[PDB]
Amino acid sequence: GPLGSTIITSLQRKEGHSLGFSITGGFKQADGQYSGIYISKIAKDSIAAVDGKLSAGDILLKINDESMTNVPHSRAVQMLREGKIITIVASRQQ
């Protein structure tokens, strides 16, 4: 059956470091909605990697009280570029 772990983690920006994960998705669908946004890769040496909670393939659902569902790619990027503390809610399918 379908299984989905709910991942919640808070990351602290470090001067000179980025969060260290790339994202994909958030594409405009023919029906007008925007596709889901996923974590594509995580740099082995980065704040997210050291945290260890997130993983590539996770779907991003929330970033600092901002929903990522039916949201364009550019908006999710701009929202991750925002304060010192970034609380992320994602889902990991298995």
Given for the second form:
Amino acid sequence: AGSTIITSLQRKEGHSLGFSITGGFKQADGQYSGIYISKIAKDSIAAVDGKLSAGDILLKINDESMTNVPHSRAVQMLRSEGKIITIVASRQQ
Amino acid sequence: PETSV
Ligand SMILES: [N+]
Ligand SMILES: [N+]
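Okay, that is the form deposited without the partner chain; can I get the form solved in complex with the partner chain now?
Every component of the complex follows; first up is the chain already shown.
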């Protein structure tokens, strides 16, 4: 089912984390689609940390599941954290 | 929708 990628990013005041997300929309079966990293900004905090990749599926932010959640909930959780944020993701070959 | 964070 892939391999687990885990990193804790440290936000610098004034800055984004450095990646974008897509997904989290309700499907015909009532579940939300997965939330995935769609880009990582060059030279950003996420890029310098280096662990995450575009295409990774987000599984957790800190203690909160990112499975079966709306897009806006994932965005809110990311934007809520002003210093350290733990990202748990999964990546398939 | 793709969102930068
Ligand atoms: N860490
Ligand atoms: N939705």
